[PDB]
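Just the one chain here, laid out as structure tokens, in the form solved without ligand ADP.
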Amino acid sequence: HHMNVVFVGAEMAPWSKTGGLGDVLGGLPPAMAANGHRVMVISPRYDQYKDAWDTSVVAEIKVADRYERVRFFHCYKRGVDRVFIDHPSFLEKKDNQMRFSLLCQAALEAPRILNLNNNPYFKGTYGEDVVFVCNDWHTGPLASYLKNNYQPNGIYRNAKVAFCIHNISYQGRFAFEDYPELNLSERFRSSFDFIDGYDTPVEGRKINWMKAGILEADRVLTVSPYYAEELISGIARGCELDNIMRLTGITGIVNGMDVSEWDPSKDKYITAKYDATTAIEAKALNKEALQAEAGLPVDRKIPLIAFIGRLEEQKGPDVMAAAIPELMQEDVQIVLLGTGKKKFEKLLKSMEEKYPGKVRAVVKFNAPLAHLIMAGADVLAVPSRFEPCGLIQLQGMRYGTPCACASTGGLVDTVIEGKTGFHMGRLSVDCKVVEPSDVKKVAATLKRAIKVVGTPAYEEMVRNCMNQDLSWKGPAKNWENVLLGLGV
């Protein structure tokens, strides 16, 4: 009931973040520290972090053949031992495999070779009764290293690794010849061993870090229970793949969210701040600011739909694009915000040119415009092909923006029909195609949604979205339970 938890990952908010990996390692650890657990978080050191200080400790790392010197940097924040791994590989201005062999390996050193006394309830070295939590493919090998170098020599013999899937898209697939360079024994190859692109003209044998992580761990997790059930069922498409393997007993837990970065009553990028009681009036003001900034007609009576996402197949921008003409029979505005694959940037931009004064694609990275979007939109459209958990819909609800979303993964868990958003049904997993029947669903659900905007019932929805606890308090008790089931 009083465990040492060590999280490892390639990202760590606020220091580093791109997807929901950063977010999770930002907020979940402290929430577990608040519950009376000693909690560390190791991730690389990509820049010279102001708040992070040199601890003078060093291990030397066996990667390929090059012996490598890493420095440990520290930072005790929100009841959390936050540890960064220093090396010129990370400090940048195939090589990716060396970088993260570094991370995995170092992470195995920090629980033993560091004196951390900052905590009023725990002292000195973390020890060897550790629960490791590995996040994404970048830390897949950790369990293997631990079995390779520590458990035969009688170290960490009680320990347990849990492995968490944040997104099945990126698996760490490497040429199989490169295996030796992990300096892991032969008994662990078969865990990495992978047939990529089966029965397609680019079928090739590969080393797969995510697969290693999953097979070698004592407990496998992902970021949503429905998605767990999607994976256990073999709906498991990473888009540019099928199934991976026969997954089993995977446990899903819905992510919380950084409720301080995203907080309509304190946000500083938006025109009007608010809570549930003042949301209707303030969102109207944000909506008119937003119309102004997007060069669309400024009018609060026009319902405004927003898409915000990486322009990748996963998030269905092509499906979003296809539905615009249908939606354009209605009196609505659409604002899209994302970057990625240019054939998509090209699609949305063509959509702006065809319907000016009605559609605005902002292909650009713009954190501040995203808050404004979130505060001013009436509906957020999330036509995803797959969605492990999602952050966008959580962010929406936090800002009282209900979500019209595809019925997959985390969206099924977090978005309730008629209470906090509208389900479109499940879209075709066949990423390359845009099924016309899917285009039909998306437009239909968006027509329902906007037809509700303005009615009193819509305002209840807004209130519903804003009354939810979307912090980590609730999810952290779910994690705690899973980690306690692990014996140690």
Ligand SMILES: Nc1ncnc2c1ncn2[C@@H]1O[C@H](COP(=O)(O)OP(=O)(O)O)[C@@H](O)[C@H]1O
Given for the second form:
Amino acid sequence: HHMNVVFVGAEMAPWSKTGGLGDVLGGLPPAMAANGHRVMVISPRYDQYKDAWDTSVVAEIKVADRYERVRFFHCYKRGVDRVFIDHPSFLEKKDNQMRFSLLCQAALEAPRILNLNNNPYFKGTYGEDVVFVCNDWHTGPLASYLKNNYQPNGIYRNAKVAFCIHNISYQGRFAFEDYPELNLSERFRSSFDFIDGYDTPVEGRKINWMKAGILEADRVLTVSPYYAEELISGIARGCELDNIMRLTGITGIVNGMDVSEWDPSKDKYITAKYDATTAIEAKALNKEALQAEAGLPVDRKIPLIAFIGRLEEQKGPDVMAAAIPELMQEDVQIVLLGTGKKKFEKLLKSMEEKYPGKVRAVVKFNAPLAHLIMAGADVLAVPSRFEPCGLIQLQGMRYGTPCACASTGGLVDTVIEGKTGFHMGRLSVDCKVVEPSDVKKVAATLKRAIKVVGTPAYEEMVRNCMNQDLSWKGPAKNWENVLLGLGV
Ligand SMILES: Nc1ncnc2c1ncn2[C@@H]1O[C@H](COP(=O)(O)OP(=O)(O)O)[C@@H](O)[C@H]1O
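Next block: the form solved in complex with ligand ADP, after the form solved without ligand ADP:
Next comes the full complex, and the chain you just saw is listed first.
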């Protein structure tokens, strides 16, 4: 009931963030700390971070051949030991395994060779009685490395490791010839062994970090009970890949959100701050502000749909694009924000091209506009092919922007038909294709939603969306309940 928890991962918010691998490592740790636990977060140091004080300690780490020395910078925040692995690989305007071999290894060092009494309730060295939580493929090998170099000769021993699957789309798939460069022994080789892209003319033996991660760990996890069930089942399509393997007894906990960064009542990018009680009328102002900014006609009576995502197959921009002509039979505005492929970037761009005054396709990392979008949009459209957690709909609801979404993944957990949004049905999972039945559902659902807008029930829906707790408080209790199971 009083465990030491060490979180490892490539990205770590606020410092190194892009996808919701960042947010997870930024928010879950302190929430877990606030539950009276010794909680640490090891991740690489990508830049010369300000509150990042070198604690001088250095390990030397065996990578391929070269013996590599790492610096350990520290910053101790929010009840949480934030540790940063320093090294010149971690600064690059290939040698990809190297860096994260570094990472997993260094992360095995910081628990012992660091004395850190900053915590008012816990002193000394973290110990060798740990629970490791490994995140995404980048940390796969850690479980392995621990059994290789520690458990045989008395170090850690009764410790355990949980592997968290943030997105099955990225597995860390490498040449099988590159194996030995991990200074792990053959026993573990079999766990990495992968037959990639079978039957297709590109099939090839491969090394798979996630696979290793998954197979070697004491407990496996993902970011959503429905996603867990989608995997355990068969739907395990990471798009290009499929099933990877008969996944076994995996466990899913819905993510929380960074409720401080996204807080309509304190947000500083948007024209009008609000809570649930003034949402409707402030959202109108934000909406018009948005309408201007997007050079669309300013009119609060026009329902505005929003799409915000990386323009990749997983987030269904092609599908969104196909549905536009249909929706343009209605008096509605659609604002899309994201950046990804070319084919999609121009798919949307052509849509703006065809209906100006009604469609605006924006292509950039405009964080300010995302906020503005969240504040002013009436519905968020999230036609995902697959969706492990989803941060966009959590953000949306926080801002009272109900969601019309694909009935896949974490959206099934977080978006309730009638209370906080509108399910669309599940989309064809053949990423490379655009099912006309899908184009139909998407269109259809969006039409319903926009018809709801600006009616009493809609305002209730908004209120529901705002009145949830989407902090890490509830999540963190679920996580710990799992980290309990692990005996340590
Ligand atoms: N153009 C953009 N500008 C600002 N933020 C963006 C943009 N595109 C995506 N995002 C943010 O990144 C996320 C998109 O999906 P993401 O969570 O990265 O999926 P995954 O974690 O599976 O990679 C959203 O949560 C959104 O807030």
